[PDB]
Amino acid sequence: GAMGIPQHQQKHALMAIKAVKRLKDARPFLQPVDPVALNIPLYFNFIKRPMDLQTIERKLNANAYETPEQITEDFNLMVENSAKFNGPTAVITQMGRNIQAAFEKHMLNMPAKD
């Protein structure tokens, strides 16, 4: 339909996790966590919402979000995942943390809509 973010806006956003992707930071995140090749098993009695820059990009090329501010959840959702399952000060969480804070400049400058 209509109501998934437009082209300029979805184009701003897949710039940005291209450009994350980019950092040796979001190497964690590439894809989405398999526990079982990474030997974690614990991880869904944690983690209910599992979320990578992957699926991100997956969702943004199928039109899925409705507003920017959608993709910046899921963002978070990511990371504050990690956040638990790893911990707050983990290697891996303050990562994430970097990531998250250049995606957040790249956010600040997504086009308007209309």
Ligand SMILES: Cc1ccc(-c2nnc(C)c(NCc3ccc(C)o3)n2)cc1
Second form
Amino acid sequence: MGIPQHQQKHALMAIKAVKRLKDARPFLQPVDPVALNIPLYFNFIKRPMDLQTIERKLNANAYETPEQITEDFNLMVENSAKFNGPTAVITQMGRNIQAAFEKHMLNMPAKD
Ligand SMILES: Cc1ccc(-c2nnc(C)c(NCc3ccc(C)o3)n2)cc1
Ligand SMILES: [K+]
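What I would like now is the form deposited with the named molecule bound, since the data block earlier showed the form solved without the named molecule; can you produce it?
Below is the entire complex, every chain and molecule, led by the chain shown above.
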């Protein structure tokens, strides 16, 4: 069920290093469109994604490929691109943490 334990451990190391980057702050938790008075968020963003959801899918063995993790990350960034604009501060921070995460994933050991 899910990626093998060594792949999962590498991915969790990656996530935990990323969470500690200041650029991660806006993605630590799910966006709360009501707390933030942005009602149009769930109309534009059909699939919200955040670092907490990713981590908890990881622990649940809900990821079958490292590419799924990367895709959820990408989606996390494309959401802010779509709702705040391509050059908003939050979007650039998303891009920065996405770069850091891919960099970490480069060293992802193989299934075998
Ligand atoms: C008026 C406005 C419009 C969009 C957004 C917004 N868009 N995307 C995301 C991922 C996001 N995350 C919440 C967050 C940002 C900073 C911290 C500490 O939490 N907020 C915030 C305010
Ligand atoms: K904006």
